[PDB]
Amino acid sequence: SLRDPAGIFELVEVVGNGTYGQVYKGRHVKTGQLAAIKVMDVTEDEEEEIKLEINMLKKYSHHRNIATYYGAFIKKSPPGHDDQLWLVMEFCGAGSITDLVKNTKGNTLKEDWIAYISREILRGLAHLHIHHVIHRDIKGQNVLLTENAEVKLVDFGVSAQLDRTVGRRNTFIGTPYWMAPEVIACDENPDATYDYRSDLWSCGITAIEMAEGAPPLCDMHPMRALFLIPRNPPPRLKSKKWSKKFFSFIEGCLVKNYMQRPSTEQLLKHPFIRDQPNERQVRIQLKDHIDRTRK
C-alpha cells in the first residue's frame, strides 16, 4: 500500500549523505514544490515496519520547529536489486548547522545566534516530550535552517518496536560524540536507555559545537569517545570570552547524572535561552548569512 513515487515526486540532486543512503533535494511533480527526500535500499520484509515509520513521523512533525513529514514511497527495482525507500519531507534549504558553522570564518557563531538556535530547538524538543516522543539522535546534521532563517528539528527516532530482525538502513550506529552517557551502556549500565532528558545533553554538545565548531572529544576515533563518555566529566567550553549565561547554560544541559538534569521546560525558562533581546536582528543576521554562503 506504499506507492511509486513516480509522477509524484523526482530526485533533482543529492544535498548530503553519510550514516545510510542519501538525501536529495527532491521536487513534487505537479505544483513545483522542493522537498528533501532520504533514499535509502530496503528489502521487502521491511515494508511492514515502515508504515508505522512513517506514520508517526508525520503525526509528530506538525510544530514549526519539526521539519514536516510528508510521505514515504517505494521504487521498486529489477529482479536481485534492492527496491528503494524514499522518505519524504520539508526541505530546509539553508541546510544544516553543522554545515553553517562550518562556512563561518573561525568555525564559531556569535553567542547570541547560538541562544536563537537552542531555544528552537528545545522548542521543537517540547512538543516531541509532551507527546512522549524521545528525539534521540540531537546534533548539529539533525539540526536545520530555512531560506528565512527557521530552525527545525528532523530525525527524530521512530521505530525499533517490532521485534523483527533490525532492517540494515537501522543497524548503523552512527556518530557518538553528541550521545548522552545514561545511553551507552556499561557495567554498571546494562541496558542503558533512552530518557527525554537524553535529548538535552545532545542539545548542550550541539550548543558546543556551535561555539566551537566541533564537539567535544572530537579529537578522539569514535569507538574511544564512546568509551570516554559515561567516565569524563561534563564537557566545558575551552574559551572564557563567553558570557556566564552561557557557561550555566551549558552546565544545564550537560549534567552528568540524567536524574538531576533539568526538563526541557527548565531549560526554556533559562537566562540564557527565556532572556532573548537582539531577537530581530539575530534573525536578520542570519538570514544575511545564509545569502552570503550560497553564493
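Whichever C-alpha set is largest while still superposing within 1.5 Å between the two forms counts as the rigid core. Residue numbers count along the first chain shown, from 1. What changes on going to the form deposited in another entry:
A movement of the C-alpha atom of residue 233 falling short of 2 angstroms is seen between the two forms when the two forms are aligned on their rigid core. Put the two forms on the same core and the Cα of residue 177 is off by less than 2 Å between the two forms. Once the rigid core is used as the reference frame, the Cα position of residue 33 differs between the two forms by 2 Å or more.
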Contents of the next structure:
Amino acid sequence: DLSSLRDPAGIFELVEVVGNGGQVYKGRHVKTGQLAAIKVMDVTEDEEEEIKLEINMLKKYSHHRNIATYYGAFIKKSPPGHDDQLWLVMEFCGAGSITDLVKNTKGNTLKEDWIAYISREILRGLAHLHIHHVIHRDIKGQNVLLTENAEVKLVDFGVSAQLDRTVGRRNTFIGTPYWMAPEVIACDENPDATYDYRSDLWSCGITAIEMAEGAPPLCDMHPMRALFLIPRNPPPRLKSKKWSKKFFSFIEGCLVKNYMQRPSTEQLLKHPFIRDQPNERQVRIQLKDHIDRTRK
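Now show the form deposited in another entry, given that the preceding structure was the form deposited in one PDB entry.
Next up is only this chain, free of partner chains and other molecules.
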C-alpha cells in the first residue's frame, strides 16, 4: 500500500545501519526475506498530519528498471507524548552509488562510453517519472545507484510527494547547491523558485560533468557562493578538451540556463551521445568487472 500509514510490523524490519547521513538501514521484507533500503526519521504528531496531506498529493507510477522501487511509507509509533518514526522503503542496490564509482576509479574520471551508458539509464528513469507527471528533484551521483549486476537505478524514497525532504527538521535546510538548476534558486531575477520536470535535465548534465571529473562544477566554492553564481554564470563546461564533440554537445544540451528553452527528456534520449552506443554490451561488462574487483 502506497496510500496508507501502517505499522511496519510483519511486513518490514530493520537489520543494520548503513550511514548516519537521514538515517538509512539495510532492511528486509518479513514475508519474503527480500532485502530493502529503509530511511528512518523521527516525526512529531504535527508532521504526521502533514504527511497525510502529502499522501493525497501523491501520483502513481509503475515499477521501472531504472528506478529503485519505492515500496511505501510506514509509521512505527512510540509511547504517547514521544516522537514516532517514519519509514520509507526502497529496493536494495549493493554496488553503491555513481559517486562511489567515480571515487573508486583512478584519476576520478569515468570513460566517456561509461558516461553515455549511465546517463541514458538516468534519462530513461526520468522519462518514466516525467510521463507520470513527477519531478525527481534530486538528481546527482550520490542518488544514482548500481546493483550487483551493473543495473543503474535512481533513488526513490517517494519522490512524488518528497516525503524525505518535507519533515524531520531537515526540511528547513537549503542543502547542497551544486546540482541545482538556475530556476530552483531564488535570486534577484527569479524571486519564486519554480521547479519543472526540466530541472532534472540540468541536474542530469551536472551529473555527467561529475562522472567526467569526479566533482560537479564550482565544488571549490563555498556553497553559498556557488548558489549565488549558478543563476549568474554562463552554463558550466567540461575543463578538459579531450572529450568527444558528442559529449560536449550533450552537456550543452542539458545545461541550457533558461528552463523554458531546455529540451525534454524525450529529446535528450535521442541525442547522438545517448542514442548511439556501439560498445554498450562491452561497457555493461566492463562495469560488472569493476563492481566485482571492488568487492574483494
